[PDB]
Each structure stands twice: as C-alpha cells, then as structure tokens.
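The primary structure of each chain is shown beneath.
There are 2 protein chains.
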Amino acid sequence: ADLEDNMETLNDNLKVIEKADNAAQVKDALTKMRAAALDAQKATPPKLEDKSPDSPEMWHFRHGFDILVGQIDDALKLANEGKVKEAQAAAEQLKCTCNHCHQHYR
Amino acid sequence: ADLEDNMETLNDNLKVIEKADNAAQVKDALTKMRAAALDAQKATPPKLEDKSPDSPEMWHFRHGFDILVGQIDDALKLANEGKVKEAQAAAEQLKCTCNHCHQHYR
Ligand code: HEC
Ligand code: HEC
Ligand SMILES: [Zn+2]
Ligand SMILES: [Zn+2]
Ligand SMILES: [Zn+2]
Ligand SMILES: [Zn+2]
Ligand SMILES: [Zn+2]
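For the record, the sequence lines run as chains A and B. Once you know that position 24 of the first sequence is 24 in our numbering, the rest is easy, because the numbers rise by one and skip nothing. Every position in the second sequence, counted from 1, becomes a number in our numbering once 1000 is added.
Any given hint could turn out to be false.
Subject to a maximum C-alpha distance of 30 Å in a straight line, what follows is the list of computed DSSO-like cross-link-like pairs (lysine-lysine) [what the hints assert, rightly or not]:
{"no.": "1", "chain 1": "A", "residue 1": "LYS32", "chain 2": "A", "residue 2": "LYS85"}
{"no.": "2", "chain 1": "A", "residue 1": "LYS27", "chain 2": "B", "residue 2": "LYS1095"}
{"no.": "3", "chain 1": "B", "residue 1": "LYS1032", "chain 2": "A", "residue 2": "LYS95"}
{"no.": "4", "chain 1": "A", "residue 1": "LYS47", "chain 2": "B", "residue 2": "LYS1085"}
{"no.": "5", "chain 1": "A", "residue 1": "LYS32", "chain 2": "A", "residue 2": "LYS42"}
{"no.": "6", "chain 1": "B", "residue 1": "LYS1051", "chain 2": "B", "residue 2": "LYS1032"}
{"no.": "7", "chain 1": "A", "residue 1": "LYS95", "chain 2": "B", "residue 2": "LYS1019"}
{"no.": "8", "chain 1": "B", "residue 1": "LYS1083", "chain 2": "B", "residue 2": "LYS1027"}
{"no.": "9", "chain 1": "A", "residue 1": "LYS85", "chain 2": "B", "residue 2": "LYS1027"}
{"no.": "10", "chain 1": "A", "residue 1": "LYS85", "chain 2": "A", "residue 2": "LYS51"}
{"no.": "11", "chain 1": "B", "residue 1": "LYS1027", "chain 2": "B", "residue 2": "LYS1077"}
{"no.": "12", "chain 1": "B", "residue 1": "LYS1095", "chain 2": "A", "residue 2": "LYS95"}
{"no.": "13", "chain 1": "A", "residue 1": "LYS77", "chain 2": "B", "residue 2": "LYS1027"}
{"no.": "14", "chain 1": "B", "residue 1": "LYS1083", "chain 2": "A", "residue 2": "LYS77"}
{"no.": "15", "chain 1": "B", "residue 1": "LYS1095", "chain 2": "A", "residue 2": "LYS47"}
{"no.": "16", "chain 1": "A", "residue 1": "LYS27", "chain 2": "A", "residue 2": "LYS15"}
{"no.": "17", "chain 1": "B", "residue 1": "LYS1051", "chain 2": "A", "residue 2": "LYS51"}
{"no.": "18", "chain 1": "A", "residue 1": "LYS32", "chain 2": "A", "residue 2": "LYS19"}
{"no.": "19", "chain 1": "B", "residue 1": "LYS1047", "chain 2": "B", "residue 2": "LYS1027"}
{"no.": "20", "chain 1": "A", "residue 1": "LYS51", "chain 2": "A", "residue 2": "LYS95"}
Don't read these hints as lab results, they were simulated from the structure.
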C-alpha cells in the first residue's frame, strides 16, 4: 500500500468507528488504522524536498505517526474493555492529530 | 509572564477573535497571541522529566510553537488585508495545533 491508500484507510475507518454499534466493529477499524499508520510512517511527504531520514522534519513526520498510534492504542484499550461510546470519543481525538500533520506537510 | 499566563493569553485572545467585528480587533488579538506563543516557547512542559534543550521532545515542544506562530502569521496576513471573516477562519485552524500539543505533553 502507498501513502494515498494508507490515508484513505485511516479516513474510511475513522468513519466506520463513528457509525459503529459494538466493540468488535470499533476494534476492527482501529486495528486497521493502526497498521495503516505504521505503513504510512515509512513514506515521505511528497512536498518535503529533503527526504533524509535523519533530518528534523523527517523525524517529526515519523514522530507524528507514533503519536497517532499511541492515541489509537488508547482507543483500542477502551474498545477491548467493551466501552463503545468511550472508544468512539477517543477516536474523535485523533482528528487534530490528522489535521496537524496535514497542515504542516501538505 | 509564566506558562499559565501565556496559555491564558492564547486562550482569551482566540475568543476575542471569534467575537471580533473588524480587522483591527483581530489583528490586535493575533499580535498578542504571537508574543505569548514565543514567550511560552521558552518554557518547558511541567510533566516532561527531561528538560534538556537538545532532547528530541524539547525540540518538538519548541517546534510546536514555531508551527503555531506560522499559522498566526497566516491569519495576520489576512487581517492586514482587511479580510475579517477569512482571518477568523484561519484562527480557528490554530485549535488543532493547541489540542495536539496539549494531548502530547499534558
Ligand atoms: C488521522 C486519523 C488521519 C486521517 C483520517 C488522514 N490522515 Fe493523512 N496525510 C499525510 C500526508 C503527508 C498526506 C499527503 C499525501 C499525498 O500528498 O499523497 C496525507 C493525506 C491524507 C488524505 C488525502 C488523500 C488524498 O486523496 O489526497 C486523507 C483523506 C488523509 N490523509 C487522512 C500525513 C499524515 C500524518 C503524519 C504524521 C498523519 C498522522 C495523518 N496524515 C493522519 C491522518
Ligand atoms: C492555541 C491557540 C492554544 C491555546 C488556546 C492554549 N494553548 Fe496550551 N499548553 C501547553 C502546555 C505544556 C500546557 C500545560 C501548562 C501547565 O501545566 O501549566 C498548556 C496549557 C494550556 C491551558 C490551560 C491553562 C490551565 O489553566 O491549566 C490553556 C487554556 C491553553 N494551554 C491554551 C503547551 C502548548 C503548546 C506547545 C507547542 C501549544 C502550541 C499550545 N499549548 C497552544 C495553545
Ligand atoms: Zn484520496
Ligand atoms: Zn515539523
Ligand atoms: Zn509535532
Ligand atoms: Zn488557566
Ligand atoms: Zn513529541
């Protein structure tokens, strides 16, 4: 999967969570988001001209996905506890993480 | 001013912008936010145990304020053009920057 595919996986599954009815649907979507975040963490932002892995902005790019994965894991803990409404609310807190990286690299 | 004061300056002036009527009110509030962001950039997050300036998470902390200042400057460009509704909307885009740093360090 490429960056576009991983982002649409994140995008579609965030919606699945919002519309979900049980913990299993939420857990399934969060698990898919988690893998897509770690896969996208291997890419580079197309508009960053310096793609060097050790550059500060590439550190920051990968770091943003570690933060996102941490928040996904927080939501998964709630989903695995059966707390559906709570997990859905935690998934909503992802969105500023998405929007922050987008503003900063797009 | 300390970190609490700078954050409440950011907090109060974001509200002033939302309720403003002309470019001058928006510009005045954004200018105050800008100075408070650069002042807060000198502090450290109270819950970060490693306060070393050269550590990655202290780099990230200061970097978040540079991003915020950049967005404030984008909003100021619109305010200085007289585009009040546009400037107010740009100020709204700050909020995920605020919430991102809060989630990550509080
Ligand atoms: C959090 C849950 C999300 C969600 C829902 C999305 N992202 Fe990202 N994203 C990043 C970059 C560099 C791009 C540009 C990619 C490119 O130019 O091809 C994107 C793009 C998107 C899209 C748009 C896809 C398109 O049709 O153009 C969407 C829908 C999307 N993302 C969803 C980088 C990042 C991150 C780096 C740290 C993080 C985190 C996210 N995105 C988070 C999310
Ligand atoms: C963007 C416009 C904002 C706004 C409106 C606020 N912040 Fe921050 N903030 C940061 C840290 C580390 C703290 C904890 C401070 C502490 O423990 O004393 C805060 C706290 C706040 C508050 C709460 C004040 C209180 O009564 O406890 C408020 C209202 C607030 N902030 C507003 C760190 C950062 C950032 C670092 C990169 C950025 C950016 C912001 N905050 C952005 C904003
Ligand atoms: Zn797409
Ligand atoms: Zn960066
Ligand atoms: Zn960051
Ligand atoms: Zn306060
Ligand atoms: Zn960090």
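Hints broken by the structure, by number, lowest first?
-> 9, 10, 13, 14 and 19
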